[PDB]
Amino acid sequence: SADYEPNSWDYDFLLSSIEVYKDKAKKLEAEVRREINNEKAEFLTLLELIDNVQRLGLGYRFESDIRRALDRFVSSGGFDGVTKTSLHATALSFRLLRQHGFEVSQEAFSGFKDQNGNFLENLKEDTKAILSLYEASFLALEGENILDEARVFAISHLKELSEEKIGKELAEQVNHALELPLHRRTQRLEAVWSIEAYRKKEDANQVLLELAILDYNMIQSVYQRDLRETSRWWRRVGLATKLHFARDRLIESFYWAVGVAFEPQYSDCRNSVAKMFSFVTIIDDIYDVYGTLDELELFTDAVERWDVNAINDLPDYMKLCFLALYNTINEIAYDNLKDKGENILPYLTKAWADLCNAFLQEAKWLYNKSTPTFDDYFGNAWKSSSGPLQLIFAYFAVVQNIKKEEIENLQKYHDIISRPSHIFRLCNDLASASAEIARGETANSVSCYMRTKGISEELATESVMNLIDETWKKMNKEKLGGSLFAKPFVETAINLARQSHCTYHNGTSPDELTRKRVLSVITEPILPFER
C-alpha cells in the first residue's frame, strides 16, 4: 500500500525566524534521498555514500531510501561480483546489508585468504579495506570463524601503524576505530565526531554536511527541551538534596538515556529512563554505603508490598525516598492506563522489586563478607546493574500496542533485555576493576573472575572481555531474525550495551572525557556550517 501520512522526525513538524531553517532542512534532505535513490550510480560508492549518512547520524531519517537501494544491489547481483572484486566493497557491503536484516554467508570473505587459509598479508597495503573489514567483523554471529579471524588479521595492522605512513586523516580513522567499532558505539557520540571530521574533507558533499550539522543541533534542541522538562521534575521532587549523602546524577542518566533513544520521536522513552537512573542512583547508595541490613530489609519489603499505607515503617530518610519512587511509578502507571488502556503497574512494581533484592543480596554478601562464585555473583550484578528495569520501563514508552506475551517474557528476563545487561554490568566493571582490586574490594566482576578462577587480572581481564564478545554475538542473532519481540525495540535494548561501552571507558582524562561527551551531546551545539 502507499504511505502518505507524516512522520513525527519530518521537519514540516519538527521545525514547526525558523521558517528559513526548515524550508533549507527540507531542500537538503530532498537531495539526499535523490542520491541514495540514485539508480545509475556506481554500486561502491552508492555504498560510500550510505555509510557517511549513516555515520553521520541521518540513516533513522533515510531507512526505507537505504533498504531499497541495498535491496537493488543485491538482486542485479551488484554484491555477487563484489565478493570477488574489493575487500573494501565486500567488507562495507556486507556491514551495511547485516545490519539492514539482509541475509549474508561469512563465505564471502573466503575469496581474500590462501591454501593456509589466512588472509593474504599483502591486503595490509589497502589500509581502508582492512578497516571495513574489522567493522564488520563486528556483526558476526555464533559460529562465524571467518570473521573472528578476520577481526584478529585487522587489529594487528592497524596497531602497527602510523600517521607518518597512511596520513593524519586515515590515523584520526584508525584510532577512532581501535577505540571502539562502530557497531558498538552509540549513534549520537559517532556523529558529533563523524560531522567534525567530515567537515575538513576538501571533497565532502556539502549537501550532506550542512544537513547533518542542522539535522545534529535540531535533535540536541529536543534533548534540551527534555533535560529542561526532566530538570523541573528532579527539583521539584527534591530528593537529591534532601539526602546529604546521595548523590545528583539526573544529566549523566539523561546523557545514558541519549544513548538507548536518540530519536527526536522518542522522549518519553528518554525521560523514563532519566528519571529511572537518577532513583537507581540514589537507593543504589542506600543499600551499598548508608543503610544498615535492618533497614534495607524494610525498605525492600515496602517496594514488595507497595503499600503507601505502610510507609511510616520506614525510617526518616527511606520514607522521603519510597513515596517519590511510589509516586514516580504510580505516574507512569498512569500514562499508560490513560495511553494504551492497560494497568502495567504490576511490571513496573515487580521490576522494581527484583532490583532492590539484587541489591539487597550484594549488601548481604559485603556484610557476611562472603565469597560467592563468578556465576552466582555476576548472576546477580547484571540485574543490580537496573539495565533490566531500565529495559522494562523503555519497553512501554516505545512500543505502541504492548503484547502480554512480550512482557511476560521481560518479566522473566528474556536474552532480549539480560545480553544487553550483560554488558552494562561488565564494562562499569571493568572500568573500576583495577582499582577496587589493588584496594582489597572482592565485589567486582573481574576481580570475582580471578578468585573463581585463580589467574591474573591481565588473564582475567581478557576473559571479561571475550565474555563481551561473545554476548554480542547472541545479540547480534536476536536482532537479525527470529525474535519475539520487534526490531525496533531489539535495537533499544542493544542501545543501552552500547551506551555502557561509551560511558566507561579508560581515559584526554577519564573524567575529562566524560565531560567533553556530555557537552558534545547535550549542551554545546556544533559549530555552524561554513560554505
Contents of the next structure:
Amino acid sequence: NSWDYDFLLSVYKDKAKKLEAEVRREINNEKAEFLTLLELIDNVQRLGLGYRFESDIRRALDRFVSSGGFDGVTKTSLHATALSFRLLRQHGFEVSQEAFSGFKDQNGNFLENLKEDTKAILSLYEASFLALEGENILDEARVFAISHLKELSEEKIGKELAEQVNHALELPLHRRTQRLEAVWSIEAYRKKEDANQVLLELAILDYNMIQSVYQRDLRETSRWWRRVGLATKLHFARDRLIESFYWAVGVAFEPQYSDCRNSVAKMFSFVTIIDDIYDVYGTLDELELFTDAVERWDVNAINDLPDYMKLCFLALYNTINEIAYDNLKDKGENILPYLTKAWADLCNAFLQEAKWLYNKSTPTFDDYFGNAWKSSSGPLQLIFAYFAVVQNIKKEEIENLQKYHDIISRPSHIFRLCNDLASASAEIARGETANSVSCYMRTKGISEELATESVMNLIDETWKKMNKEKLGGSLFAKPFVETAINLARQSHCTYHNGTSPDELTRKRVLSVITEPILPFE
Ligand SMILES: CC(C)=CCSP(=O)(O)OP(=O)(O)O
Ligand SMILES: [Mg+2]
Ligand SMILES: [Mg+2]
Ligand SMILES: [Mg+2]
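Switching from the form solved without ligand DST: structure of the form solved in complex with ligand DST?
Once more the chain from above appears, this time first in line as the rest of the complex follows.
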C-alpha cells in the first residue's frame, strides 16, 4: 500500500510490522465479544490508526451487522448503542435515530438515571454530532447529554474521566482533526494502567513516522517560500508559511498526500498576502488592476501593475502554472483553466469586500455571507485539493466544483463562520460591520449573544447537511468528501479560545509538526 511500513518506513520497520499485524489479528478476531471489538476499533481510530485498518474495521462492522450484533443490548446499554451507531454511520452503514427511542420515557425524554453512567453519556454526546436533518432524537440527545456533562466535576468522576469530558466539550470527536485527536488520545492512553502496550506502541510509532513525512514536506515547501521570499520584499505582508502547513495537515493528514498538503499550504500562504493587499494595503484602483490581471492571466501585461503588485502577481502566476504543469505531466490533462478560475473568483470576492468597506456599505447578512465564504478561500483550497487528492479527474466533478457545489461550499460556510466568530467581539466593539456575526446582528436587529447563538446553530445545521453528502447520494468520491469536510474540522480546531488562545495554538503546532511524541516505555 501507499502507507505501508515498507513504502514509507524503510530495525524499526520490523517492530512496526509485528505490532501492526498483532492489531489486525485483534480486529479480525471472530471470537471477540462485539462490545470489546467496538471499543478496540474506537481506540484504534482515536489513536490515529484508523486509516491503516480501514478495510479490517469495515470487515468487523459487517460481521457485526450481518449477525445483528447486540440488537438486544440496544435497549440494555446506551453506551454500546451510541458507540455502535456512531461507528456504523461513520463507515457508511445505514442506522436509524430510532435506535435510541428505547431510551426515552413516556413523555418522550431520556431517562434521568442514565446520567449516573457518565460513560454512556459521553458516547451518546459523541454520536449526536453525526446526525442528519430531521433526526430530532439525536438533537435532543446532545441537549440532554451536554446538560449533564457541563456539571460534572473532577471530584464526581475522577481526573481521568474528567479530562475525557472536558475534551469532548471542547470539541466533539466528529469535528476534531485526525492528528489533533491522535496527540491527545495517545498521551491519555499511555497513562491508563490497562492500556494495550502493543497498540500504544504502534500509535506512537506511526504518529512520529507520519510526522516525519510532514517535516520533509514542510522542508521543501519552505525551500520554495524562501526562494520566493515574498514577505521580505512586501514590508506590509505577514508570513504564515508554518501556520499554513499546519492548516494543510488538517485537510490531508494521510501521508500519501504530500502533494495536496504542499498545494494547500502554498495556496493559503498566497491567500494570506493577497488578502491583506485587498483590505489594508491596496487602493481600489490598484485592486481593480490586480483583479483584472488575475482574470486575464497574461504575464506580458504585469507592467500595468504597481511595483509591489507586480512582484506578487508573478509569484502567484508561476506557482499556479507550476501546479498545472505537474497535473499535465501526471494526468495528461490541462487543468489550468479551472485553477486560474478559482483565483479570479476569490479576488473578485476580495474586491467586493474592499468596495463595501470603501463605500461604507451595509449589505444584508445574506449578501455579505454569500461573498464571505467565497472570500474565505475555502472553495479555492478544495478545488486545488481535488486535483491533488483524486487520481482520475472527471469532467462532471470539476464542473460542479466550478459552480461551487455543496461538497465544497458547505464546509466553506463553516470555515468563514468559525473565523468571524473569533473576531466578532473585537471587530464589533471596534465599530466594524465587516463580520458575519455583526451582519447577523444588524439584519435581525438582535443582541450579540443572540446573533452568536444563531451563528452556532447555523453551523450545526450545516454539519447535518455535510453528513448527508458523506452518507450517500454523492457525485464525488468519499475520499474527497472527507477531505472537504476536513476543512470544516480544521476551522473548528484553528479558531478557539483555550489557557491562552495564542498559547494553545503554539502548543498544537509543535505537537503536530515540530516535536515528536515521547518514546514508548
Ligand atoms: C481570508 C483568510 C482565510 C484569512 C485572513 S483574515 P479575514 O477573513 O478577516 O480577511 P477578509 O475578511 O477576507 O478581509
Ligand atoms: Mg480580504
Ligand atoms: Mg483580513
Ligand atoms: Mg473579517
